[PDB]
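Colleague: The lines below spell out each chain.
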Amino acid sequence: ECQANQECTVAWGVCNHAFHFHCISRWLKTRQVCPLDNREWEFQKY
Amino acid sequence: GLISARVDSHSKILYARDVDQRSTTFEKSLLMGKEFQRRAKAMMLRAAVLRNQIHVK
Amino acid sequence: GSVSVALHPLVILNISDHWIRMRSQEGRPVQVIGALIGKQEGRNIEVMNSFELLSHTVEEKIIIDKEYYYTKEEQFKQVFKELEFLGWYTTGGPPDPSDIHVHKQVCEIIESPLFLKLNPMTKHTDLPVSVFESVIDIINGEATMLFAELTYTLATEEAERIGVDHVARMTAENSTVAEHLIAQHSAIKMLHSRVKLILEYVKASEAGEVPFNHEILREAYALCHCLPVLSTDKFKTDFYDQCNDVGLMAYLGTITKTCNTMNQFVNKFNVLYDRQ
Amino acid sequence: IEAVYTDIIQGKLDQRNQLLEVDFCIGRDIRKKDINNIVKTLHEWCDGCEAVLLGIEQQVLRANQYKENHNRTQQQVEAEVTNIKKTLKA
Amino acid sequence: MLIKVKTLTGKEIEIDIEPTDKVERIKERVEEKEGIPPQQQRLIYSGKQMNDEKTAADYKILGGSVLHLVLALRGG
Amino acid sequence: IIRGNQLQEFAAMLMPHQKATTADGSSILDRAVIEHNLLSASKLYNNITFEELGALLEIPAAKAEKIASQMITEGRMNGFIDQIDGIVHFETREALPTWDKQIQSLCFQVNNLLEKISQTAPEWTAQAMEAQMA
Amino acid sequence: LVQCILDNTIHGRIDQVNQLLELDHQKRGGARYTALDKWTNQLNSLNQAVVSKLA
Amino acid sequence: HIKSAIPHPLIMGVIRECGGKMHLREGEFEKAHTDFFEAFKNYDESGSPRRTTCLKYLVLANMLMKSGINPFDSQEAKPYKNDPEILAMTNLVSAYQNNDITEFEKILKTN
Amino acid sequence: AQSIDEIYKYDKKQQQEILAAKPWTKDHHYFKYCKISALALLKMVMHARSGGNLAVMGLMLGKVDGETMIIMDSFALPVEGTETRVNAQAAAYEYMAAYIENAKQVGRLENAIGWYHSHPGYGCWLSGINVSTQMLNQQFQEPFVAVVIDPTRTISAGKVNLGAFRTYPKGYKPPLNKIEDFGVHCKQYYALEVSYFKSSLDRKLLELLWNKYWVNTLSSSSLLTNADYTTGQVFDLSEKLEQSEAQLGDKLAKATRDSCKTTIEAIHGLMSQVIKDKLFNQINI
Amino acid sequence: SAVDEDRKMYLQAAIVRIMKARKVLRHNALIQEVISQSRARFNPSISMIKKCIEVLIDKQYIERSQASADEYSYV
Ligand SMILES: [Zn+2]
Ligand SMILES: [Zn+2]
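Protein chains in written order, with this note's numbering: chain D, -14 to 31; chain X, 7 to 63; chain A, -16 to 259; chain S, 141 to 230; chain U, 407 to 482; chain H, 5 to 138; chain R, 3 to 57; chain F, 165 to 275; chain Z, -3 to 281; chain B, 22 to 96.
Heads up, some of the hints might be wrong.
To be verified - Using 35 Å as the maximum straight-line C-alpha spacing, the simulated DSBU-like pairs for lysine-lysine come out as follows:
1) Z:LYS155 with Z:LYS200
2) Z:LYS22 with Z:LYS200
3) Z:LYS155 with Z:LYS236
4) Z:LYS5 with A:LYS49
5) H:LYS23 with S:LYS173
6) S:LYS180 with Z:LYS274
7) H:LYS47 with Z:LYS208
8) A:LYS60 with Z:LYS200
9) U:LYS410 with U:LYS439
Unchecked claim - Covered, in the sense of this in silico footprint (three residues per stretch, anywhere, with C-beta under 8 Å from a C-beta of chain R), are these stretches of chain X:
10) 29 to 43
11) 51 to 57
As the list claims (entries may be wrong) - Restraint-style ranges between C-beta atoms, simulated for each label pair:
12) A:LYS49 with U:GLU459: 28 to 38 Å
13) F:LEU174 with D:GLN29: 23 to 33 Å
14) U:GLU459 with B:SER89: 47 to 57 Å
Hints listed in this document are in silico derivations from the structure and should not be mistaken for laboratory results. All C-beta atoms, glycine included, are put in the ideal place defined by N, C-alpha and C.
Pulled out of the complex, with its shape left as it was, chain D reads as follows:
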């Protein structure tokens, strides 16, 4: 998303899955779970 049109960093979860911060931000506005393990998402590390 920043590639096609623009700081991009990593955003880890309690499962330590490390998606893009912007990608997980866009994902969280529709789904409340982690994309990979399908568990409740909680932010951790940045």
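Fit chains X, A, S, U, H, R, F, Z and B with the ligands to the supplied structure of chain D, relying on the hints for placement.
Modeller: Frame of chain D; chains X, A, S, U, H, R, F, Z and B with the ligands shown alone:
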């Protein structure tokens, strides 16, 4: 009104009719206006006959 | 041209509001004097705001109440940091001896106060609003200083320009259709003026008046070839679509208004001819 | 297309209707015998502008007259009803 | 002496206390009669907020010299 | 629109891996140029048939439609495809907005012409404005 | 195609006689017409309410 | 119903695999996906034989819930992507996501 | 002239009569209209933008007429507020005490009518502290109104974004679309309908300084830019008419006024289109 | 630590401003908005953000919704 369609019995084909929202809105509004005018012109006459206290004994 | 002046579309509003307030309070238009403040960035004099000033009339002359000026200056200096005294404004006609008399008192505060005249009754060649500066003449003997008119620019920020654009787009005992048609009239007048100027240039360059430019004449030919604008059959159908849509809306609004009127008539008929 | 590239004309090609729609075209050379055409076209434009302005002024006057008539009728009705209310309080 | 306290909205309240009267009794009387909390009121004289200094001695109060009552104004 | 004749020199200087085909006989260069030509023709055409779209793109009749539909469903270009008529529509103008744009262009032309007249004969322009105001 | 259309997944209809699928690149801003229809219905109801009050 | 237990990561593998299987049989693919992911995580943490069986089931559940997000994008499942018993499944996902009928059918027919 | 010269003529007899009657003590839903002058609006916008992302606020001058609050001027209090909170500790009070007297000296007869306050980036609404302050100011200064202006939203959207609100008194016992636009105290206050007015001389100089945007109006072409707004007005008017006929068994007058306003704006757009067609399309055949 | 106090104050101010901007939010949305706003100066720590949220809840700046405990409302 369960199915919005039209039967063509020559070639035996069931076509689907598409209601033109613009045209049906216009015709419904015009019919409502005509009904309004008729109702109002009847109400005016009723007011005229009640003001004169006209009734059949 | 000596010093350049930049004006904001707030000082004029303040002056107009002050003048109308005094006119309404006294019942007739009166002469008002106020103080112009702003920034002094060297060569540019940016008038940003203004406040009403207290003046007393003695015989026929006017004296600015200096103590009120000092109190209001100490009062506003804690709200507008980078805004100091710039000059004074007055509503009226031409610069008269009364104006120069008031300037003779204002000039003891700053080195060169400005003057901003607002004339709502202008029907002559000079602009209704004007800016003046006192010039010390070199004439020997009793040298009466002159009042030189200085031009002003139309510098405006994006935000304030958008604000006045919004306040101008909106409308509203004047009739609404009259105001809308006057708004259209103001723009058609400008378009007509531009087209008439171009037509006069073409007519003059035709025979002998102005040395004609081939480029300008060709651009005028293109402008003439630009009409009619979108005379296609497709446009002529969408235009009548819009006309019929607005006509249906007008019919429904008329029906609603007649419904309200007949409701009122029925109510009054029932409260007069109440029969049980 | 190659004429559109030279920017003399700007437009689009409609193959379905077999049409070329032109939004803008440059002004070709004008000789000293058809300037009267420019004068006539600009005069017609000015006449149309004058007629539109006159019609707008006439409609503004008519709307103001209608508004003033409505206000006068409302105030006259108000005066009559308060007069009848005053004489009814005997 | 007769103070003519006024709010910025134009509401005027007339109060008649003695030129030499203990502040506590007048304070208790106003809070018991009109119930005005002291937490939001501010009394301004000549553009200066009044503090706990000497009163009715340095000030030349004459028939209610416009004592301004201002309420608390906070927002966000 | 880039014809192939001006790309023969460009294809020679490409690095070898950039010269690889796409398992259909067409290399990378004459697929990017095909997409570029089709996108640029989307701006010069209101609509175009498959045969004509392939005539100016050298792709015969069918892969033209395939590439046109592939540039859509990705947002790379606007337009739809009527396969019954074999026509790609790129952009439709809704008459009234076009009327607005043409009126704005006419007013801009008037303003530019007046500016040119003022900058050409300033004294005449000043005297003409003075006479007009009267 | 029938299954996908019945599931609201595909916005289109099928020409059985021509063996076609016509998509639904339609339905522009017609909310104005629905608003006008609601206005007309409310006006009719208000008509019947006001006219039939007493006379 | 138990929420206060600290069991071996083989018990949590068995019961989570059972839950994933029952969710798959009933048709709740969304719950089967997370159940199989938890079972595979526990089996990978401790164990070996019953490891590349819950990964296949997790792949199938992910493909049965409209796909999106590669199962072999997490830390746990990535090393086993090239496993001989998981190569068919990762190829099936690579064909399923970024959909292409030819590759999917070829992988099906070959395996 | 004359009739349009009104609202600027300030009389003290009517003000004293409405302030002594105190009719708002009985009807809590009294004030429904807020008529703000152009000068007050402009000063509010410039002051709000001057503070940037820090909150700034000030006072208002004006009067009351019937059920309408008229705003004729704006203040500028010397308050140094944080990015989300303004306090007005000790200098604002003395400043507003002195400014009223200074304005009395020059001829400003309008008294304090309310307070305006900036919300830099959080819409226009009354928070808990705003509600508390406004309700206190209403309880002790009965004619009052709280105006909130968003500078950043106004600049971003290109439209003036401000609102006027009045709180209900404590203990006023009498859907889901009023919880995100407003705060949790949304039921503790109500929004007055806000309208703007200008004077004859102000509009005279505004039309005089209107010489660059004639192209914008000659191709403005409403009924397309305000199509969504018009259909929104229409489907709100249908519900208003439904409420009016339910009352029938004056809401009907208000519904008729709204219908007239929407229809008049539509016919104004059509008049613009007709004028443009006459100007540009009936020339050169 | 001066930097720790500065970061805590910045986070509290950002949380208050965001809560005024939205007037209602979820925990994940609040954390995401706080991170996106304060990434200009430093990388926030989720523990510090949660501590600031708790200390603002205690200070009656924001409140937890009765229906759901993961939703915050500005008061
Ligand atoms: Zn990014
Ligand atoms: Zn996870």
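Colleague: Determine for every hint whether it applies to the structure shown.
Modeller: Hints versus structure:
1. At most 35 Å may separate the alpha-carbon atoms for a hinted pair to count; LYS155 of chain Z and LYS200 of chain Z meet this at roughly 23 Å.
2. Annotation: proposed proximity of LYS22 of chain Z to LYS200 of chain Z is violated, straight-line Cα distance about 42 Å (limit 35 Å).
3. For the hint pairing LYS155 of chain Z with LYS236 of chain Z, the CA-to-CA distance comes to about 27 Å; that is within 35 Å, so the pair holds.
4. In summary, the hint linking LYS5 of chain Z to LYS49 of chain A is supported, as the alpha carbons are separated by about 29 Å, within the 35 Å threshold.
5. Our distance criterion of 35 Å between C-alpha atoms is broken by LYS23 of chain H and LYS173 of chain S, whose separation comes to about 61 Å.
6. As the CA atoms of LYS180 of chain S and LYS274 of chain Z are separated by approximately 18 Å, the hinted pair is consistent with the 35 Å bound.
7. A C-alpha spacing of about 32 Å is found between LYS47 of chain H and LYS208 of chain Z, which places the hinted pair at or below 35 Å, so the restraint holds.
8. Annotation: proposed proximity of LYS60 of chain A to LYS200 of chain Z holds, straight-line Cα distance about 32 Å (limit 35 Å).
9. A distance of roughly 17 Å separates the Cα atoms of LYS410 of chain U and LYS439 of chain U; the hinted pair therefore holds under the 35 Å criterion.
10. Residues of the region 29 to 43 of chain X lying with their CB closer than 8 Å to a CB of chain R number 6, which satisfies the three-residue condition for coverage.
11. Only when three residues or more bring their CB closer than 8 Å to a CB of chain R does the claim for the region 51 to 57 of chain X stand; here the count is 3, and the claim holds.
12. With their beta carbons about 31 Å apart, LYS49 of chain A and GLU459 of chain U fall inside the hinted range of 28 to 38 Å.
13. At roughly 27 Å, the beta-carbon separation of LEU174 of chain F and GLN29 of chain D lies within the given 23 to 33 Å, and the hint holds.
14. Checked against the given bound of 47 to 57 Å, the beta carbons of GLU459 of chain U and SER89 of chain B, roughly 55 Å apart, stay inside it.
The structure fails to meet hints 2 and 5 from the earlier list, while all remaining hints are met.
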